[PDB]
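Form deposited without this ligand, single chain, as structure tokens, below.
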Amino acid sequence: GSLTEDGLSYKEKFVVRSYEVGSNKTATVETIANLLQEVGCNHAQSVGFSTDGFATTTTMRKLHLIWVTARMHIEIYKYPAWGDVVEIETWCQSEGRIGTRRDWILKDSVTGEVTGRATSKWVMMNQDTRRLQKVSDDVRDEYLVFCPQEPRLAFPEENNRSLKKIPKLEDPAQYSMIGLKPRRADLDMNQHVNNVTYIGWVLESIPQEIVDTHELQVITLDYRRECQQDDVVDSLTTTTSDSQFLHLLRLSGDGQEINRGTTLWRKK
């Protein structure tokens, strides 16, 4: 792909592959999430940041500081069929001392219509202590020149689905998938579990009949803790209602929370 005319956003076109589609011959939400991650990487490379998924500056590298996803929000109107070309436009925006935001717009290359949109909140943390730091003055001036100065939101709606608090699921869960482990294909270049894997694990506890009669429209996911290579996960789901669900990912042993989220599904 390439940076747009103003150098404040990045665009890339993707053809949907045969192994990237589900039972309804269209891309899965995990395929979409992978393409957003890929276009975010190419945007970070096109302007000089690191490309390991942390988008760091030389200053951030010296201080052992990385960017970590705290929240992901995805809304899909139409999943592209295999062979279809999808165009994704992405940009970053500063959210003061709290962190950074990356937004995406998905379009049909042939019609030009918006078929999806995503937003994500990123926080700064020490890679070793796993702490959390306010965006310091020195670090923000290094990335602000690559962000639009006026607000540019994929989800502009005054107080919408991406800014609501997610509650903690109470036991007993209605549905569950237990004993979920990552394999080497679930790890990234830094040997950490890929963020898309957690989306897949959340969806493992959705009953088969929902998957067979409904299409996933919205997904909001909070990232509270990372699952290590040798950890085992339990995926929990309860219907809160269209069909809505509350989700919970937690360590199979102690029940330590790793993720919490919500999904909205539409009848086919």
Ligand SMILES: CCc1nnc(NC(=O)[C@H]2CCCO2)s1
Given for the second form:
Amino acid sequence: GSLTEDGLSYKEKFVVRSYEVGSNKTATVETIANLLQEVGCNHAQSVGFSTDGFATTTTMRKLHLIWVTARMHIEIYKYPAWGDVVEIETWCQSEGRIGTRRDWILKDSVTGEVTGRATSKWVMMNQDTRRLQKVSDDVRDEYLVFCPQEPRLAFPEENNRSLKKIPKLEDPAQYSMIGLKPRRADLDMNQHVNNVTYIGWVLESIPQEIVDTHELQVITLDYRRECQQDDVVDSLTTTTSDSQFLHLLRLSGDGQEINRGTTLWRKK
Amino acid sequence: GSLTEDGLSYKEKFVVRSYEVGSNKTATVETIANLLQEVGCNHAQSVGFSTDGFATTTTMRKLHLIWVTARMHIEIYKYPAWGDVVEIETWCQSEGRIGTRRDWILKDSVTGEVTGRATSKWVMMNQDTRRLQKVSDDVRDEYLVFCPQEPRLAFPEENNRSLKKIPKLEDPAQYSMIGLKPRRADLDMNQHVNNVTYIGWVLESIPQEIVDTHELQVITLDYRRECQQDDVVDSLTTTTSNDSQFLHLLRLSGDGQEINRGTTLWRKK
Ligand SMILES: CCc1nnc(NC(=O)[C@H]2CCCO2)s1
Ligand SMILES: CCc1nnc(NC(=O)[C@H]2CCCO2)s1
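For comparison with the form deposited without this ligand, provide the form solved in complex with this ligand.
Every component of the complex follows; first up is the chain already shown.
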């Protein structure tokens, strides 16, 4: 993998591994989300960022500032099969004072066809107090030299699926998965729970019958609070409709919300 | 990756991914175990076996027979870091009428140094009734043409760590992790729980303080029963011992039915 000719985006190819496929003989949504995170880290390293979960840059590290995700939106049209080669292109962009946006384009390396696309919103915050102090003009200069100056959006459509307000799930939930805990495989270098784990936990409340008759097409997820290593999560789901669902992840005890989102599934 | 010049073993290189590393800034033991399974699958495809995790041959598929693991033994001397290139060499061998043995050698592609090695015992079994059976002549001749004829062992030593009898953990356990469940990421094409998941569940009862002051050197695990998709596991551990050793036990919560038992040896950083 490497930065493109203009240095304003990053490309990388991946072969789909045998342990990365699920009950469809094709890659799982956690494999796809993991591959997005991998190409995002390699892009951050190729431009001088911190390589950890946050692409910190200088003066941000001086002020104990980190980039945290607020929203993840993934759309998949064709899940790659075992042995397939998938090319992913990622790029960074400034969203004024609110934060950053990271986009991805998934392609089949054989047919050159777009088989998926993703978008994410990142907010700036203090690593210790966790307060979203997204105020810094000189910090914006250190990352802008790596972003395309003209807008380049994976989902360009005016007021699309990635910019929709997600409501809160009313109790009782139609489907649920209680007692979900992270394991050592789900933790990073600083022992924080991987962003891809939350996606997998959201889908643990989808019934097996839906997974056996449908394929996941769209997933919009909002990150409200981070799940600690010793925390326990409850996954909630209700059919809002193709099939559509409303999701909610909360701490098993107090019922403190960590995530909320929507999923759209298609018949096979 | 490809079969070697003689066609009796398989080699493959892997770059360590960012999501594959843990608290040590190096690959997790589940990443290592996953890479062994990946090169094992590619070796099985390159010689004509099934790629569903059972390495099934023509006659085996006709009689509803599959290959299932009975023991896993992994030894790691240096965990690869993010961005490192690790070369793994795997090969199969017949163990008479008991079953098969699959071995691995892990090397750093830069220094050519051996940074790990693994061994596994595989028994033949009816896919449906789960009854183990002795390897017949028709089946044996179909897989022997892919195994080296002279013995090639990753752990050659006379009475090594990979052929030791593992005892059963007496209650109460010193450490424990209750309510472990598999997720959709842990299931294969036929919805069976991945063999690497059991290794991760065994290590969930090791205290965080041991993980923060030591690195896992050896792991011997025995597979007694398979955990179903809707099953829940209890992980048990007791210190048996610079180095630290433990005894492990995985069992179902609703009955205490054993699925795994093993030993782990850790060394100071
Ligand atoms: C879908 C899950 C994720 N996708 N991407 C992730 N992370 C990243 O791309 C890197 C670059 C920004 C800092 O972290 S998490
Ligand atoms: C450590 C976990 C595993 N290591 N290896 C595994 N599987 C394999 O190598 C292949 C060989 C044919 C059967 O499956 S499971």
